[PDB]
Amino acid sequence: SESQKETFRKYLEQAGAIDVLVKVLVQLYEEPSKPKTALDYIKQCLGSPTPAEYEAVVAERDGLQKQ
Amino acid sequence: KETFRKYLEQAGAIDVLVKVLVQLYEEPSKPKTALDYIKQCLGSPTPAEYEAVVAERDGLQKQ
Amino acid sequence: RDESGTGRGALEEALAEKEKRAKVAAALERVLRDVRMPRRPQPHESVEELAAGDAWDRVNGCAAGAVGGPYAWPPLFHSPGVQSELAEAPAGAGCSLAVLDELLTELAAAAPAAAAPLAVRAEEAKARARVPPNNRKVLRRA
Amino acid sequence: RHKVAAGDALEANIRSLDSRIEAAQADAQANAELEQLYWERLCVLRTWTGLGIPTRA
Amino acid sequence: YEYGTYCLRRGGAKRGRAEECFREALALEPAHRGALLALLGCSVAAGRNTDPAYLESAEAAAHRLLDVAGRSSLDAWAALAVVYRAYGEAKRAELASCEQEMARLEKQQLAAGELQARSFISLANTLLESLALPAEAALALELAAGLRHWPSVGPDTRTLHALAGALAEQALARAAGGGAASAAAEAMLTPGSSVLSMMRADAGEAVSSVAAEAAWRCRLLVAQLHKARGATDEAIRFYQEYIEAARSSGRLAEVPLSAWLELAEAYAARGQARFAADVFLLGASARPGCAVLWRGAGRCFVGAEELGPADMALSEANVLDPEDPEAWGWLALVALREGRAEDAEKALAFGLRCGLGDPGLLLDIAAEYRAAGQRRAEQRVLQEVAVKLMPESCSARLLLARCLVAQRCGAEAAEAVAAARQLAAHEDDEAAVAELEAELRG
Amino acid sequence: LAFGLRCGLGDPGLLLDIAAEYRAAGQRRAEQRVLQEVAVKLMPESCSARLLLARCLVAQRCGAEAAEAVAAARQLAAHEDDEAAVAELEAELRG
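Residue numbers (my numbering), protein chains in the order written: chain W, 320 to 386; chain V, 40 to 102; chain Z, 275 to 416; chain E, 2 to 58; chain U, 86 to 527; chain P, 247 to 341.
It is possible that part of the hints are untrue.
Said to hold, decoys possible - Pairs of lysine-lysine residues, derived as DSS-like cross-links and limited to a Cα-Cα distance of at most 27 Å, are as follows:
1) W/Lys355 with V/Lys58
2) W/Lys342 with W/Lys324
3) E/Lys4 with W/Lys324
4) V/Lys40 with W/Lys362
5) Z/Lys400 with Z/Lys411
6) W/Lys353 with Z/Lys294
7) V/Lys40 with W/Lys355
8) W/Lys353 with V/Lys58
9) Z/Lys411 with E/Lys4
10) W/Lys342 with W/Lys355
11) V/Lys40 with V/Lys58
12) V/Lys58 with V/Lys71
13) W/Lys342 with Z/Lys292
14) V/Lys45 with U/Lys99
By construction, these hints were calculated from the structure, which means they are not laboratory data.
When you get a sec, could you build the whole thing from the sequences and use the hints?
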């Protein structure tokens, strides 16, 4: 529906915003070396999928084992 | 421009972006950090160092 | 000697910025126009879950004596969250739509202040019950 | 007849959230909850799409 | 608008730059030509789904701009009709009433509908030639065919329609640049063709007043089609007949500069290099304002090894001062071939200070310097041409390495050792590398 | 500037500042008429200004001004980073 489409557009504009994807698109366009798969470019864009504190738990466990 | 759009269509990043946006709109409880939800839908970003450390720990446990 | 060291580079940078902005807007337009909500199957309701709906449809939408006759409006559908909100009898259907209204009439004399806040949640539960849970449920109600 | 009544409750709900949304737009002008309202507005709108309720322009 | 036309000349490379230039012009001022160019550029959009995307839906602003340019304008209404017919499902139905508005309006001016078809043809001429949009030209041809009065239109207007369609077909073949562009030329050369009918109408003197103006361009396009087909001699003969007709009517009045360049190239392809130089000089003398043709005339005259007329033409080529990066280098090559060593060095320095050096001209100048051998001149010419003008080419690098080795013994083999790993995929470069290694060891 | 050049004393630091101002919005004729005279008459013994003028002339006219780079190779401002910069400029001129 038109109202459903407008609500979806408004929600996408508000939450997350188009600038987050626009930065990735601008980086991909600025980099001339573009791979055959854009999943690698998305992974190079990264964004800390696991949290920094979440990834530090294994490092803290390894340090405690080394201690 | 047009060549870049054709290359992006060949890569299929528009499909993954549309699936991510569809999942984000379908999930009712929208998180404050929508980029975190997008990354969770995408998979494992910048986890290579953690994967290497986990592989080293698994090899140490096996040996 | 043409003075092309400056100015030409600024024009090239402006053209590159305009091209990058146009490409970003094009990608955003493609992503926005790709939006669609997929069709999904209708979620089924359990027979025990359907047992509460039809009895409520008998109590709220088919009881002879209620406000609105046997065709009271607007239509309402039984949901567990709304029903538990009304719950929070000997016939087993206590704190229903008809039961609570006489009770809200009864509890107003004893505690109008308590009846004032509870009816606010009850009316919102009554408002939410107007929204049907399932597509075939409205067809079943019709 | 059942389809109009279901959309009537949603449209009043859509009017109620937009009243909160427009005030929050004024609140942002004087100064996030608007982004919280849109998904709930999308939740109400998709129910009309899910039930097949007629849309109002 | 001129910059946008120059960008749209290379449409497939900088289409975004052309769109940005058109948007800049439109934001700066309301211009009818700029708005038409923006609409014709956005009209294709790879089937209205490219980066412009819903430019079909955004062309309502273009229609409003057209209505602002003309309250009752046949060209504007025809442009809106073409946009609707190329991008809609039922919006052409509203365009038919828009065309019916002009049809009743055109009858009052007489008080036929010849102007109804003429409105689409003018947009077709602007799109195909000025805007260089073959897709927009085809869309305008479709709109002209979709005009309601197909049977009663004028044959001269129908001749103009056929000329516009032939121009659109040639533009489509040139813009595609693949498959078989000569297949359309073979169709045009086949019996009973529309270009043949246009040539027959040109030959007929009964209606030559309003038909020969388009028939001259039709004959030029037929000659270009024959040249693309391969019969260069017959194409040059037809082009010379067209040039004779141009001399009869007005020589520089048409000013077919690209056609003159094509004729000069076709004549230079055969052994008649001196005749090609004479034809180029004749065109340059006919059009003294276009000093850029003098550079090509001097370049053609240099091939006959007659340095006197070559220098005489090179003076007029160098009359256009700044934009002569190839002409100054050619004059330097001519002076180095005949005598003026210091003047040739100064002119080569001026050409290097200019924008771009020509690769073949630089190679010829390096060969001339090697013949009249000087180590510093060879290092200034060949090494610079290999570093900048021809970075990928390893033959120039091998030549520069040999020149440096001969200039400064085996101690200057740094570039030879650097470039000796990758050299031109063997063939004779293996023997060249063997000779270079022998010279370095010696 | 022409009147000041006709006048006797050209100030070295002021001339260097004016040359830097011209290099900010570069003009080849102005650079050749300013920096060359500053490095020749005002401070011939100096090396950093000569290296800067050599870099400007090399960027202006490529291999025609390699004599200035060779002169910078004669004295490279007590070596240090200036010698490396002069070597980089000479490599760029060779390229």
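Quick rundown of the hints versus the structure:
Proximity of W/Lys355 to V/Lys58 is assessed by CA-CA distance (about 20 Å); at most 27 Å being required, the pair is judged to hold. Restraint check for W/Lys342 and W/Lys324: the C-alpha separation of about 24 Å stays at or below 27 Å, so the hint holds. About 20 Å separates the Cα atoms of E/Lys4 and W/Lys324, which keeps this hinted pair within 27 Å; it holds. A hinted pair counts as satisfied when its Cα atoms are at most 27 Å apart, and V/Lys40 with W/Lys362 qualifies at roughly 23 Å.
This hinted pair checks out: Z/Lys400 and Z/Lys411 have alpha carbons roughly 17 Å apart, not beyond 27 Å. At most 27 Å may separate the alpha-carbon atoms for a hinted pair to count; W/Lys353 and Z/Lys294 meet this at roughly 16 Å. Annotation: proposed proximity of V/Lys40 to W/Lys355 holds, straight-line Cα distance about 17 Å (limit 27 Å). Proximity of W/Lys353 to V/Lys58 is assessed by CA-CA distance (about 22 Å); at most 27 Å being required, the pair is judged to hold.
Taking the CA atoms of Z/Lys411 and E/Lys4, the gap is near 12 Å; set against the 27 Å cutoff, the hint holds. At most 27 Å may separate the alpha-carbon atoms for a hinted pair to count; W/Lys342 and W/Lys355 meet this at roughly 20 Å. Between V/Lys40 and V/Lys58 the alpha-carbon distance is near 24 Å, which keeps this suggested pair within the 27 Å criterion. For the suggested pair V/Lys58 and V/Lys71, the alpha carbons sit about 19 Å apart, so the restraint of at most 27 Å is met.
Simply put, W/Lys342 and Z/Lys292 have alpha-carbon atoms about 15 Å apart, close enough for the 27 Å limit, and the pair holds. Straight-line distance between C-alpha atoms of V/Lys45 and U/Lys99 comes to about 15 Å, which keeps the hinted pair within the 27 Å bound.
Violated hints are absent here; each numbered hint is respected by the structure.
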